[PDB]
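Quick setup: one chain, the form solved without the ligand, written in structure tokens, and binding and motion questions come after.
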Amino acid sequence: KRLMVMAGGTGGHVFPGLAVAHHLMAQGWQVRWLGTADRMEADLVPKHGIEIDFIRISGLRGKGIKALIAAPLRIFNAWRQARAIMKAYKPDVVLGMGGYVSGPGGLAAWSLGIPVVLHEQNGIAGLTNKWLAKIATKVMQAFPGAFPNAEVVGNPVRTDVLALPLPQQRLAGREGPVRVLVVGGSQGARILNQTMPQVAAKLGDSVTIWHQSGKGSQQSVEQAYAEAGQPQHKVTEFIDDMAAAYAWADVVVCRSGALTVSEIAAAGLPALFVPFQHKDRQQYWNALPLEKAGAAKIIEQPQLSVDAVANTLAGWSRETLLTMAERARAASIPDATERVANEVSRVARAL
């Protein structure tokens, strides 16, 4: 069976799409990618041993369906390019993980009678997925709320995180300072590198921190902690083994990208989410589900301060943290990858 995946690196849709592709390739499936030449998937997908076909959508990015149809020549051309690719590759089903390229791609598949399956990783539907869903044979979403009735299947999560012991077991008999894990990602989180050292000064002996500063920020954060009078805290540029860090932690302080929220839920860890601000507030919507379940606390930019973070952490006892961890695990969906792959398989079967 042939599967064509539409998922660009922008918006981070390529990673979950890659998870599904690899899962199906292990089932004998042939997978081909549909993306754009000057985007991240152009370099990453080939490194995964997967072939990729390109189309041009220049000037069409950021346009919703009404805006696309208002550009007759360009939308028709991208649509014709995708149609040619699909007539040649002849996929049995097309999977759209979100992203602008999936618009013309989805329209091409649909016009050719190829079933379209979509997956939305965020708490709020992306511009393209929102309208593409109307010609989709099957629509899935990671969290509830992005779409009114789409089956909730979660996002793919790293196997090592999924393998972690349940919260009660992991936290059993644990006493001593609340272990705070600060995660900034490869590039690091500027606001966290600046805020946490002062938070440490306010909380003193009540917490033990492992702060991941991001590339080239190890030295300055390490210095900030010493200046705050809490030099004993651990600061690393990166964390290669997130599963090991999650197993150690009592609570995590980090941004709320969609995959990150799913990973946190699967790890069964309480979190204090600092959503990246944006008029769309995508990350805010990604974290909301966990906050609603009482597994995390969201502090958007408009309320972020040293005192807000410090007071928030200080208010969480070990009993409260255990409850939050369990609620996180409960809000988790461990087999998102298999579920999506199975639905893509069922739809290709025309069942």
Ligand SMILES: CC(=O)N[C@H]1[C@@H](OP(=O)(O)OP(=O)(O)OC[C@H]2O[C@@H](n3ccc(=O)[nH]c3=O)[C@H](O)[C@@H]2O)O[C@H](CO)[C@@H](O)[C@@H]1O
Contents of the next structure:
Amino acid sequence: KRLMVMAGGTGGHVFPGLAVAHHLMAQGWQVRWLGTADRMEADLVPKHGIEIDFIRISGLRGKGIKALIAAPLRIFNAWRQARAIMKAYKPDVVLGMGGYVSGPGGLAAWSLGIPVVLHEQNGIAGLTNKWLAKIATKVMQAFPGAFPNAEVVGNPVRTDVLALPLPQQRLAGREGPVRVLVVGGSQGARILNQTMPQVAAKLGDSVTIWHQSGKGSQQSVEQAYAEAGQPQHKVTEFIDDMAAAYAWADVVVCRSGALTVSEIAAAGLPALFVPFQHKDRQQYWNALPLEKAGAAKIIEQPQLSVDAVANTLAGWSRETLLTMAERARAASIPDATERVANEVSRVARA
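So the form solved without the ligand is up there; where is the form solved in complex with the ligand?
A lone chain is what you will see next.
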């Protein structure tokens, strides 16, 4: 049994993919990757012991479907190239995780009669996934609403976060300033870098903060905190030991990218989500479940202010937090990785 994972461009699509792959390789599967050379998967996949065939999707990047409907020809090359790869690798099934490289590969798998399985990581169906679903054999999504009748299996979660102790054990008799973790996605978010320091001035000693500013802002965010009179807080450009940071925290203030959301849930951590501002409210839809489950609270730009932030924090006792942490863990889907690996296997057995 052979499999070809189709994902690239961002870690949002690549990491959940590598996770499902390694999982099936341990089951004896032969996995091969379909990506693009000028992008992230080019260097990452190899370091995972998975071969990767490349194709070029030049004038295919940033296409709004009306551009594809308007001009099909553009996808014809990649389609051709993909059919070639699968002509040679004879995959039993293909797994699309989203991203531009997923369009050609999906169409190709489908034209050859090879079953195509799809995983959507966000609350709002992305680029190719929206139109690629049409020719899919099975669709799965992380949270509800991306697609009408699609199974909710959640996002595969990084191992180090899955090994975190449950809330109870973690918050067992904790005392002192609420440990506040601030995270702005892998890049960092200006909004948090400029808001949290002022929130520190208002809460003062009621909290101890660990602030992740993103590359090139550590010095900036640090100085802001000092000028607010709270020099003791810790600022980091990028936290490598994300899991330990999660385990240390009482609560988290952060953007709501899909994986971060899933991780917080699996980690059982109270959250105050500050969704990225966009007409699609993707980030907003990624956090809804944890909120609707009563484990967090969302604040879009409309209601985002220094006070609303400090206000929301001052009201969560360690009692509430402990309650929110369990609601988060209960609302999580830790075994997402196998849930997808199994559906793929399931379709494999025609």
